[PDB]
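K.L.:
Position chains B, C, D, E and F relative to chain A; hints supplied.
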Amino acid sequence: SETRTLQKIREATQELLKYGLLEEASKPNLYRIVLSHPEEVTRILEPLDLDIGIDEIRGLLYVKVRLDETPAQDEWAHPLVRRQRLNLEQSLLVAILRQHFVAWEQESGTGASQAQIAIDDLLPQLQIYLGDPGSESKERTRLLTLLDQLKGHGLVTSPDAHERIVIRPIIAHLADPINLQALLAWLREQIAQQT
Amino acid sequence: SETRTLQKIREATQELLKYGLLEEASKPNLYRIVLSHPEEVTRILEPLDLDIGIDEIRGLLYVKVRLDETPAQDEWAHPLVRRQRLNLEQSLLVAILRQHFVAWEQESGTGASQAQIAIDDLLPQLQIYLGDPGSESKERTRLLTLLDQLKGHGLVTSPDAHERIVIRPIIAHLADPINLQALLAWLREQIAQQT
Amino acid sequence: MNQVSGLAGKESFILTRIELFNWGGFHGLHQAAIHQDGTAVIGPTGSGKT
Amino acid sequence: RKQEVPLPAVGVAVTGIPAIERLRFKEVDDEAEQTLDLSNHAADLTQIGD
Amino acid sequence: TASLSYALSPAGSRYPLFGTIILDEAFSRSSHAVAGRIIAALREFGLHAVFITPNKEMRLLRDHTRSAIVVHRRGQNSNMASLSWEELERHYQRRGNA
Amino acid sequence: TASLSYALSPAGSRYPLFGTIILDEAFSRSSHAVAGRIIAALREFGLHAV
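Keeping their order, the protein sequence lines are chains A, B, C, D, E and F.
Residue 40 is where the first sequence starts when you use the authors' numbering, and the numbers rise one by one after that.
Residue 40 is where the second sequence starts when you use the authors' numbering, and the numbers rise one by one after that.
Residue 1 is where the third sequence starts when you use the authors' numbering, and the numbers rise one by one after that.
Residue 350 is where the fourth sequence starts when you use the authors' numbering, and the numbers rise one by one after that.
Residue 998 is where the fifth sequence starts when you use the authors' numbering, and the numbers rise one by one after that.
Residue 998 is where the sixth sequence starts when you use the authors' numbering, and the numbers rise one by one after that.
Isolated chain A, as found in the complex:
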C-alpha cells in the first residue's frame, strides 16, 4: 500500500532543507546519505523547484532555486526562499571574502573549509570604500553588522573568541565566474548611468 521513502533519506533531506546547505566535516552522515541518492533527493525537491548542487572537493551540498516553467526569473522572488536578497553593500564584503578564500585555498589546498580571517584585516578594506568615519566603534560596529547579515545568508561563521572567523566554502558557489560576470555587467551599467 504505502511506499514510505527511506526514513534515512527523510532525515537527511529534511535536515538539509532546515539549513539550506550541509557540510561534510560537520554532519557527514546525512551528507553521504544524500550523496547516496542524489536522484531521489532531486525528485523529492523538484516539485518545490529546489535543486541540489554539489562540491565534493570541499565537502559541501546545498540547495539552489530551479529556473523552469517560469523562465529564469530573479530567483529570490520564489516564495520558499526565505530571506531578502543580497545587497551590493553585502556584495562588497562578499568579494573581499571570496578573494581571501581563494587566496588561502591556493596555498593550503582545497582540503578544508577552514579558510579563516581576522576581523581587523577587513577594516582597511572597507575603510577604502565605506570611508573612514574615524571611530573604531562605528566602523567595527558596521563591520560586525555586515558579517551578521551574511551569516544570515550562511556565508560566514560569526566571530569567535579570537575575533577570527571561518569562511563557509559555499561562498565559492556564490562568487561564480558566471554570476560575477552578470554582476560586473550590471555594475558597469550602473556606472554608465551614475555618470
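Be a bit skeptical, because a hint or two may be false.
PhoX-like, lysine-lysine: derived pairs with alpha carbons at most 25 Å apart [as the list claims (entries may be wrong)]: (1) B:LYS66 - B:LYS103; (2) B:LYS57 - A:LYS103; (3) A:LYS57 - A:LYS47; (4) B:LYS177 - D:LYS375; (5) D:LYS351 - A:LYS190; (6) A:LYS103 - B:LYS190; (7) B:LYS57 - A:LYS57; (8) A:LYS47 - B:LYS103; (9) A:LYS57 - B:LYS177; (10) D:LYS351 - B:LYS103; (11) A:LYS177 - D:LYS351; (12) B:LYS190 - A:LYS57; (13) D:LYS375 - B:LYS190; (14) C:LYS49 - E:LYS1053; (15) A:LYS190 - B:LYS57.
From the derived model, a few chain C residues whose C-beta atoms are all more than 12 Å from chain F [as the list claims (entries may be wrong)]: (16) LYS10; (17) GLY25; (18) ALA33; (19) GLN36; (20) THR45.
Think of the hints as simulated: they come from the structure by calculation, not from any bench.
C-beta: ideal position from N, C-alpha, C; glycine also.
P.N.:
Same frame as chain A, now just chains B, C, D, E and F:
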C-alpha cells in the same frame, strides 16, 4: 533528464508550504486541483514527514506533521516545524476567536460565512482580562499589533477597512482547544473572584 | 480451589492493597484492599471500576 | 546605494514551516492553594440504594 | 489465561511469579456453570484473580472469592470500599426489610 | 431505538407499523436501574421488545 511535476500542483504545494494553508477563498482553483490530486500532494510531502489535513466543509486545506505512531520521544520532534508558545494576550485572543467561530457555526451551521467582529468589541474583551496599559490608544495599538501577529500565523485576516476582521477556518483545527477554554473560563472566573 | 491459594503468597506476589488520589471520581485519597484469595468488585454503571 | 543586485541564491534554507501544530498556549500559572491535601477522607464509606 | 500464566512464570517455575490478574466483565457472556469452568481453569493455572461485574449475577462471585470491593457513584464523585461477603450480606438484609 | 422508531414510522401514526424489536444480550452490562431506565425508553417509544 527527469520529468517535472505539474506546474499547478507545484504552485499549490509551494503556497501551502509558505502559509501552511490553501483555501477556496485564496486559491480556489488550486484547491480544486489538489482535491483531485491529493495523492500527488502527500507523495511530495511524505519524504519530509509532512502531510495535509483537509476540510471540505470550510474549503480549507492545511498541513500537519505526518510522523508515525508510538514514537521514541512521546511527542514528535520535527526538524522543520519549530514550535511557539504564545504570550497570554495572543492565546487569549485565539481562544476568544475560537469560541467566536464555534458560536458562529452554532447559530449559522458549519461552513456559514463568518460575520465580522469589531475592534470596538475586541478592546472591551481584552479589557476584560488585561486591564489597561495607560490609554485606549495603547489598547487599540497593541490589539492591532497582535492581530498583525495572528494574521502572521494566518488565523485571521488583516485589520479590514472598517476596523472589523474575519476568522480563518484554520481555527477549526488548532492545537488543543481544551487548553483555550480551560484558560478562558479560568481567567473570567479569576477576574470575577478578584473584583 | 484451595490449592492455588497456597500457591498464592508462597510463589507469587499477591495483591492486597490499592491507594488512589484524585484519580477519576476518587477525590482526596481513597484505598481499597484486595483479598489475597480472590476478590470481586461491584458497583453501578460508571462508578470508577474501569 | 542600498541597491539590490542579482547574485545567485545559494544556501537557500527553508524552515519555520507554518504548521498549526507548532502552536502552544501560555502556561498561565494558577496558584489558588498549595497541594498539601492528602487525607483519606470518608470518601471510602459505604451506603447504597435498592 | 494459559499464555499469561506461563509467560509470567519465571525460568525454573511453572507458575506465574506475578500471581494477581484482573478480569473486567468477568462473566458477562456465560452462564454460571461455564463461568465456573473459567474459574477452574484460571485458578488451576496458578492465578490469583480479581473479578468485576456491572451489578449482575453475584452468586458465582460469592462462591469462589473471599471478599468484594464495593464502589458507588454520587454525582461526579466515585467511592470505593473493600468488604467481606458477609458484611455485604448483612447490609443487603438491612435493605431487604424495606 | 429512537432512530429505529424514526425509520419504522411514517408521519401521522403514533406507532410504527411494525412494532416489534429484538435484543440479543439485552442489558448484558447495565446496572439494574440502568436496565430499567432503558426499558422505560423502550416503553416511551412504545415498542414490543424481545
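K.L.:
I'd like to know which numbered hints this structure contradicts. Please list them from smallest to largest.
P.N.:
Hints 6, 9, 10 and 20 not satisfied by this model.
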